[PDB]
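Coming up is one lone chain in structure tokens, specifically the form deposited in one PDB entry.
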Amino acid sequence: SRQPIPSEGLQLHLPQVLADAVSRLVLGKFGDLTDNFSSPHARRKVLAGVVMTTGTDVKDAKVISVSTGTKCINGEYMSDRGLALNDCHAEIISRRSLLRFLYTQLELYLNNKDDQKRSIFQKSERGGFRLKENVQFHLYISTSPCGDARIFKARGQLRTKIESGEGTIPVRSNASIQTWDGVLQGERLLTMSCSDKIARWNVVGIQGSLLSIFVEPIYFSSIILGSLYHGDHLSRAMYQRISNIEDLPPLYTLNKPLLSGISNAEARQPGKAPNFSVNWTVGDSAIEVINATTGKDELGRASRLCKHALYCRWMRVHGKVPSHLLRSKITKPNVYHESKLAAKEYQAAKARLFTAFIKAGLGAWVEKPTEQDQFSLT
């Protein structure tokens, strides 16, 4: 149960070598960012990060993102303008940080011929852009992701974080529908567990809907845990529970990344979990520190990771991409929600995912109130 589970796809690095390297690189970068772990912000329960490799040489690995955090937003603090982070579990934050890197990389491709050489993207013959060959991303988490991977209840079942609650709880037998006004009045906000979000990324990709208008689906090649690694539980949680998925749109797949623990596993530590979450993306001068309860920084400023900020980045790319090179038509992007819906193939993939969970007996995905996404840029 402690042996690595091979990827069912490509695998270009020795598993245990890759696992130890990515875990070392993420920890090292986090130390660098926290003044050799001396910052108040070095205090963490869970550390996560993303490492990129190019080709076969593990020496070339580059840390893309580093994050911490174990909490989510208080329901009263939901933003209807995209200004608040909903979910500050480290692994979730590390993906959003990766998104910024992806926007930057598209901008390098689009800027000019010289910046273009540095980009990890190439033109796709199918339209838009795709990764250069053998560019891979690897997810590191210092412990097993919450929900199905950690809890071992029913094997593979969907589970939610619940506001101000520890751990996760099963999804109900009848599909739960959240409402803006119900949450404001005191219904506790539910957020899908990290196990469930990563399984989601193993179908719809890590890039999200908006980025899929520009690029082909991108998947993690590896998921590396720094503690509580159990191959069989993790393989079920990360993909196998939804092997029943069908009718995926073009380029989507049920991704089955390498799964591995590390040679020197961490221990469970005592202490109250920090209420904050650190994030950093390669290229950033410093970490950003977010209060998990409000989803904003300590001064009430919006995160560089918030919906609004990501949409700002997306809009900037949208103005640079010739219409005929988009993967999905979107002439005059306005409301955030509607722009996401323009990613038609991604939405179809998401629907196949939701159906897979339901049909497998694992419950129904619990979505946010729609009002979160009903905003435009000024």
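Basically, rigid core = biggest C-alpha set you can superpose within 1.5 Å across the two forms. Residues that one form lacks are left out of the comparison. Positions refer to the first chain, counted from 1. First, how it differs from the form deposited in another entry.
No residue of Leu251, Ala265, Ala175, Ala273 other than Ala175 has its CA displaced by 2 Å or more between these two forms when the core is superposed. For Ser38, the Cα coordinates differ by under 2 angstroms between these two forms after the core has been superposed. Core-aligned CA deviation for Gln11 between these two forms: 2 Å or greater.
Positional change of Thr331 between these two forms reaches 2 Å or more at the C-alpha, relative to the superposed core. Residue ranges 8-11, 164-167, 172-175, 267-270, 330-333 are the runs of 3 or more whose C-alphas all shift by 2 angstroms or more between these two forms once the rigid core is superposed.
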Given for the second form:
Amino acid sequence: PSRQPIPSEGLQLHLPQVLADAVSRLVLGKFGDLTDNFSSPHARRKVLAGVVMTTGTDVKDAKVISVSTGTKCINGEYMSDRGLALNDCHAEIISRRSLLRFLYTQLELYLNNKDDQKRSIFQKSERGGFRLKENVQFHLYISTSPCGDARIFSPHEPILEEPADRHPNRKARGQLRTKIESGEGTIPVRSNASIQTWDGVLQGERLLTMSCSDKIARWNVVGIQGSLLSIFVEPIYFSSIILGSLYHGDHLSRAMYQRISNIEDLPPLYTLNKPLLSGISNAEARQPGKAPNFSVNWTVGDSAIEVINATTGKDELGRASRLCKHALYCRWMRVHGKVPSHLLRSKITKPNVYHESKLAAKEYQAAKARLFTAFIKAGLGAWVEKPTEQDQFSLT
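Given the form deposited in one PDB entry above, produce the structure of the same protein in the form deposited in another entry.
Next up is only this chain, free of partner chains and other molecules.
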């Protein structure tokens, strides 16, 4: 009973185990193609993640959208005030950023010519802005349970026998947790007071990054498109979360949504999303050797993968990633001009510095507050953000 798939909604559109095994095969497969059958230099991974899109029930109408690896976060000294760094390179966190490029691309594809609109996954929304066509779903694959609430208790395979949580009501369950710089495990936020500072970090204060478990729970409320893309499009959710290993149904479902079911007063179109949760039929084996300092990423359409030094947030020659704040902002800005102002979901105008533009997404920003509040009232801690200095930059 512990390691069994957890169905999603009220009308069931795919077979659970078939999908899980499908997306694990597809992503792990496409990761093979990118690495000349795992023989490549940067093919050594510790954790693998990816996003799969589906257009319909035919499980060969599936497309691998993104593939990524990584287990590390940026060093404190290497934070970039020009937004050129990858602050978090845990596999699944990167696949979401990889997904963002594909969404921007799809927006670009729509506003190119009327003949190309039919090829784009987006369409106009009666409410203003853009929405997905009625049959598009996205699915998250992680080769292992996400760090934090889904993985911290029992980081090892269940021994089945439905070895449910013998102590499900400890204060420590459902707690928000942060990756800590220069230390292992993931730690509660309560016991580590909040509000980070730029200079505080530069001095030696350990950089705190939210756990992947908490980040996805977040994706299950404000959606995966994030603030900037939410100005163009309506909130998008993962339909499924598939784990290639370390699956504990009870733990993952708490961490992914159950713990914030107290959330109220979400803005229109926003909701607490409860995706399909599942392990795969043949769980992945634990990967050999020391864990690599680099984090790989790819998005469908790309000619090559990108290899990032997780320590620094840049590549080997010190170049900014295609996934960093500064690039994503550039894509956003380029599309913002190609989109007519009667077609925006939010018409509030702000200067063109990063933090300020994110603030134009009032509803998304609102949803976030409902989310932070949910965790707090549940006694699960206050969310921890990067120093406010991190997002104060323009496009040169």
